[PDB]
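The chain below stands alone and is given as structure tokens, in the form solved without its partner chain.
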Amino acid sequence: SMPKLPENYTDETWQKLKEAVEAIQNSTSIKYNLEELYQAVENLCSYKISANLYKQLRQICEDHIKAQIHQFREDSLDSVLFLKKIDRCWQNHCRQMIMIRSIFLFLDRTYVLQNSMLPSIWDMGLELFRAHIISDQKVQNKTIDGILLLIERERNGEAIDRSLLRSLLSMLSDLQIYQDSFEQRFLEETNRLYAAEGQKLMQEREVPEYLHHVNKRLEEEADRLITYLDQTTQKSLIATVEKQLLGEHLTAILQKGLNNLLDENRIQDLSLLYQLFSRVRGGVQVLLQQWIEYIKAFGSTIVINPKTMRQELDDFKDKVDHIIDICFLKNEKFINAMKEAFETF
């Protein structure tokens, strides 16, 4: 049993706001001065029910957003051009919703809706954009497929628009669907790519070149993470790269290349090896075991194929002490390993 709103005729006040919002939506002129609109909002929450004005605004927002779906059926459109079109649609939505939020600030801030479980105006916009644009199965699949394809291209050496990618993945975070839509597939595809890369390059390249490559990839993925992914992806991503390029090959690497690195006294590469293996569960342990093996095999070759035995031992001890000192950072475990291994001969 409500009161009559002060206005010249029924619905005058709401109409002004309807027209203002449509102007915002079509990017034309707002043909009222702003004070009048702020007042309109204040009157409509004072004499009528706030929850109703919110429903009215939600509806005209929904009508417009629903209408923006159609531009995304124009396939088979170029993948990048599609992603740009989604981004432009996202920017226009955000711009419009921020402006609407300014006009209706009183509604957002109202004491009566303190306790309401109705989303804020901004969040209401996000629900609508999620529900009607990005949740559509065809649009989502094409958007996510395009994002993943850009990352794949970059990992293969191509130049892409990282800025476009940042903007899209950031949209996915604002819509709270980054984890669901994008992240699991991204980690799946990263797992598949680096599993295959690990196995392929471990045949094609010698250990020193492989380790240099693994280091580059870890630095690259850090840079991807900093530049356009969400921080919540960091542990998973690095763990995946570490696992596929190092974890799966720890023993193979050592078997193929450790003897050569140690025989040939390759200090820089030995340092790198130790840094990389330090990143993975079991790494230093597996290294330490093969180190014991190398050291034991050398003593057997001294006693069997000796010009002087003491001198040959001293030379080896010096070389190996030095490697422990610089490449393995003075790690006591390697010193002990070595002393135990020496007692074998």
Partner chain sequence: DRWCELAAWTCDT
Second form
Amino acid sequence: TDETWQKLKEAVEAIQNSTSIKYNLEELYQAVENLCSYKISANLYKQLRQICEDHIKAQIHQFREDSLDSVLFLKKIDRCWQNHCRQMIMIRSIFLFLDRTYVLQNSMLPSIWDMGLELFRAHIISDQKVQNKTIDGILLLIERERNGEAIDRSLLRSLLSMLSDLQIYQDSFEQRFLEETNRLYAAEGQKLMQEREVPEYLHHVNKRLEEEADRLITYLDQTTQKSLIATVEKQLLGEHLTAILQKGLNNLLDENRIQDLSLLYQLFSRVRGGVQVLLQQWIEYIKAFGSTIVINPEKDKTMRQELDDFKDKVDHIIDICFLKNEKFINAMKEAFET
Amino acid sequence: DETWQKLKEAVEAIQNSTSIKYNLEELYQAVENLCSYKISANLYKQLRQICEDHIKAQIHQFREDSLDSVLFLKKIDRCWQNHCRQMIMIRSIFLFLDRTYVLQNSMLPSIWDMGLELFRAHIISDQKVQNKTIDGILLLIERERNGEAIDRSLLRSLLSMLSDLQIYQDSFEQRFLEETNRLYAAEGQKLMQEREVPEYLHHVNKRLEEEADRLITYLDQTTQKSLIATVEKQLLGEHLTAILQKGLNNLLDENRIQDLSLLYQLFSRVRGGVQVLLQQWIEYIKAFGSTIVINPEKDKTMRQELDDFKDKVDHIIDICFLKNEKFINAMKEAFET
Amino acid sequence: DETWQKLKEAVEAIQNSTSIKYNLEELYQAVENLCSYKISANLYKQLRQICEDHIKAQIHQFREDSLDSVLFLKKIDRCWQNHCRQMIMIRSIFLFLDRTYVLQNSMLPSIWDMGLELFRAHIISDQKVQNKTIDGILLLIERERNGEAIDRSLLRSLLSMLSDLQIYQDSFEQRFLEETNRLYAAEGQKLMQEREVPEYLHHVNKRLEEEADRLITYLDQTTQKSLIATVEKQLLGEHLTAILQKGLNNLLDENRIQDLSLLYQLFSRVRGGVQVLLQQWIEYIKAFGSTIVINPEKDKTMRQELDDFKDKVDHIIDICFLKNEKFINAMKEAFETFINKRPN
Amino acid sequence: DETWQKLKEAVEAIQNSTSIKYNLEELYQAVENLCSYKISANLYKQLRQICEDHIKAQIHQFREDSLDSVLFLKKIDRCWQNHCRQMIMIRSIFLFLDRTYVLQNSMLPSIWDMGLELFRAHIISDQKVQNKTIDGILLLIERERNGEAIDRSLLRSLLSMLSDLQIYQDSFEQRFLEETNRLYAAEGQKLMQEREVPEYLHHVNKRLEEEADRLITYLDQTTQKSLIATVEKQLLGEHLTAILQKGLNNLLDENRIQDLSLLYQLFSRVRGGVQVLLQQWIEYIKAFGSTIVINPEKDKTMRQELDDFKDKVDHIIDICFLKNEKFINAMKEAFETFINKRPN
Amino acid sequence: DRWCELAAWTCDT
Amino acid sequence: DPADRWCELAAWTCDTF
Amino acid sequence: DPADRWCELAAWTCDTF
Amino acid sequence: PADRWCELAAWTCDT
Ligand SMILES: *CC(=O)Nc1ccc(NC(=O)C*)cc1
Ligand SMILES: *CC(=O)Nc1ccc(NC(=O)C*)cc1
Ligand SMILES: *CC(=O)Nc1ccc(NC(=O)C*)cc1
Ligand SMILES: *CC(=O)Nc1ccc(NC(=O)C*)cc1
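Since we've got the form solved without its partner chain here, give me the form deposited with its partner chain bound too.
All chains and molecules follow, beginning with the one already shown.
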């Protein structure tokens, strides 16, 4: 015993400190095979677990530096992670006989890689103060980006990917991310719904949905797709559908703003109750415009054509903006027979 | 509202397994219209209500008290099969609703998941029902391990139900492994006294194959590693040294190739099994050699007797131990001392 | 034989959208016995036949070989919406059958999958039908990229169908990637001539966000990698050298922080992008050195000019390039080797 | 280029199992710099080639395919474990490369997958190498089914490789099911004559448990349905009626409850099994009725003999057939139909 | 007097 | 003799079922 | 004149780096 | 009896 294990113990420590492995690899692979085939005191797995636990427990101190820049802190977490993975991958190569035997022998012990993930989770990211300053920084970069500032997307992707590999993406990040996304776009909805007209507002909503779709593609996990887009759709559209029509639909129809009307249909198509709520106000607009042209004619042309000019105007809008939608044609016929 | 009243009867007919007194296209129209002239988040809530109404009425049958366990499980199974069939048909009629919420990204569950939640909430969530369900499922597994015949299809369906309801691990798997552990722990110690090593090894192999059958047939695939590990631990791991110290000498002194091959196959399944066997292999060869040079036999020359053993022993490495080098090397190093 | 005729009519009612003239308990009982007194292979193949007959009959409706593409696509969608609805209810009635075959470990597909194979073979597999479907699907996407409004809900429903039929990759994805490549290759080349680097960068960012929106909305996720890489290649990768040599000097000399930040953000997306920027970053500093040994802007005392330059560049590294050390070391190495090639 | 020469020597050290004559931090810098100045492409292509060179050099040891099969299989296994061991370490040194290409939406395979393709292309794809490998794997499975002891660990490692190389289904699985079919088809026919119904049923159950064990131990889980379906078909489905007419009556007349319980369990696995049994259960009861009205039977009274039969048969339904209602109704219908055959 | 021409157009259309 | 057995079977079949 | 600039550059390069 | 410890060592060298 002892002697042989010191070979591997020194090789592991060289890997951990990024120094030199002072043996030819065949000697180290042989060492692993010997300790597994003649069990003495043994259990080489428990000893390897120990020297991995010691080294990783020593990595906690760098994240306790008081008043350290958030981005710099995130970069230390990432570097710590990239080093841990690289070291664990190499240890796994040397000890391939061990965990392939424990799988061949149907062991209940975690693989060497998972054992490293468990230790990394336990002693680094599990630390409440460490995880909190980690998540705060990740959310703060997303907030900076939504506010127009440039951030390292690769850094975000690497850290969030880490949280997924450690199986805490949902617990640690996704919950708080949606909560902050919810509060942010809720406020942005109320604020820009007052400051900007509907045409400038609709363009902005479409711009955010593409941006949030971009953050999903770029650095977020794919399972966040459903909850994130629904959140943005709710806070920028669902909470304001009725308010948007009462503020802009009349002006958009009276001055025949086809492009803005096409976009209104596309954005309202994204939300439940949206195309329907528009259809209600489409009816109210026809009854209002029509029932006032039989009361007050814009005495330029006769009444038959001014009514024929109106149907042409509206048919062009159904054809292009509302995508040949029958339900809008039927609603128009019903209104005319009023 | 006259339109919605059409479906209320259609759903109730499906729930009571009676007649749908409308043409199906008429119902397909009802769902399509009610979603487009109001908000659809108003038709989904009504369907949950009448689904909640019906399923809450199914809880009373499981209160009968002093009711046979197998009959209780079969009453659970029927209730489950009825729920699925009803919900699957209900989903067909309301497909336009089910996909409208999927097309736009709604957070509301699909109709199928909505039904699963109600079945979990009002049937299985009741602790007394769940406890009598899990007790019965485990009792069937215990009955089978004791040799009696049970309805595996019933077992497969109920565990599949627990998986669809996503409570397989929390409610069943842990208690199942614990009962597997206690049963085979006791069985290991008991048959280790009552039976010889050849009959004990044959029995252990029979159990490992049986548990592989139960795994394929009615247990979930994610239980595979822990189950096999538990059986391997309690029937082999806790007895490796004890099996060899009781039977290995007898196996070799009689040249029992078939039982020796099985010994190598079974010990290969456990940590340290080949190693502990290899250790006693050394002790057996050192012992046999030193008892023939201290007390010799009388047939022919002793160097030749020192060759029949080599023939006998090389043969066992060749067939029983599968040409395993470690056994050839260990035989030499034993002789050099 | 009277039992099977009950189910044959019930299925036919489901297919023709009429009325089921029996109470369901009678129908569910019918299924259990036909598995409980005869062989079940009998009943699976009989239901397979009456499903195949009905579905083989649905192909004729698609033979008007001249009609609007969108209407053709809406017709495929409704035929699909009807097939699923019919098969799901048929699956509900025959549920004892479908779970029994799991118990009996049959290799025969589930009732739902069996319907999918029939639907694929007799409808969507049809060369003319499939070609007109994919052509329209692609034509819908082509229109959206050109600025026109289209029905995304329709596109999602048809593509989701192609995924369920496990023909999304063979039929659509490759040709889709081919049309996306060909389209943005031309768009990249043309706007590279027609617009300046600042407006060109803004446009590329808008397309990358648009394609991310199309991906989330109606495309399948397994297209994420190939699509985004394709757009990144054709709007950025094939033009890295051209973008820098056309606008970088103008961007650095005019200290246009925002366009430089976007230039750094977009180049980060492409293999070799930050590196190609880094090389031209170096050449800009060597150029600066070689004109300050010849032409000092005689307004300040040279030490200030070298210090005005360094701060300007320090600021650009800090904000536009995200404090990237590799750009600070490269600037140091550039100044410290330029001085070495000084006259003796 | 001097930087790359360090990594080239480190890789060669990993490939030849010698010594890495550099400290690892030095090697990580080489990777990080070559990805940041010389474009990462070039470094990926250079690493790929020296990996291809080494592995392409490994084919020559397999050039004597007359060697003992297990020794050849063990030679394949060592070659594979060495390939994995080496490729995992190369992956560690070049981790920055593998994480850059994932961050950048690359279409290039990972370093690990790149090793898999090269290993398949130059080693396992070789028709002579693949044929000797697959033949031996099947031959070990054939030996085990015949009772011989084999290295299951070797078998599991070899099959896991074929799955990792994604050639398990095409190259191994179909031939495996075909040999399983031929073996158990013959075994069904042969043992059905050589052993009585009680001994045959025990044997069929013994095989199903063994085959379930082989699945757990070394076969891939995707083989489960077709493998068991094959064993169920060739040992039970093709023999249902022959088992019953040869043994069912004797099993019932002798009240062999255990063999009856097993018969029901085994028949439950097969399409039509409970069915054919239920039909012969009827014939057995109709038979019983027809011999108790023929024989004056003077041991007990007919009501006594008719009441013992009902207890015996109820018990068999209760335990062997698991309280199955369909069997109680069939017994009622049989006695009530039999009494209507009564002479006038 | 315009509630006449409108209903005429509504029937024609 | 057999006529009696058929009669007993009919009784038993009614009493039992 | 240019000889002075090279000297000023060498100083600045050392002061700055 | 001591003629066998010698025979063993010879066999051990030869084997
Ligand atoms: C004064 C007036 O409104 N007359 C009138 C109007 C409309 C119609 N429309 C139809 O008959 C369809 C008739 C008379
Ligand atoms: C002679 C004869 O037919 N006897 C007889 C006895 C009993 C019954 N019981 C019922 O039918 C229920 C029938 C016939
Ligand atoms: C004229 C001349 O060569 N001057 C000069 C000034 C400063 C330095 N500084 C360093 O070398 C650090 C060198 C040369
Ligand atoms: C009694 C004695 O000295 N025996 C003896 C045995 C063997 C050997 N040499 C070898 O076995 C190689 C010497 C002496």
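Here the rigid core means the biggest group of C-alpha atoms that line up within 1.5 Å when the two forms are laid on top of each other. Residues that one form lacks are left out of the comparison. Residue numbers count along the first chain shown, from 1.
- For the listed set 51, 30, 60, 292, the sole C-alpha moving 2 Å or more between the two forms on a rigid core superposition is that of 51.
- The Cα shift for residue 113 between the two forms, taken after rigid core superposition, is 2 angstroms or larger.
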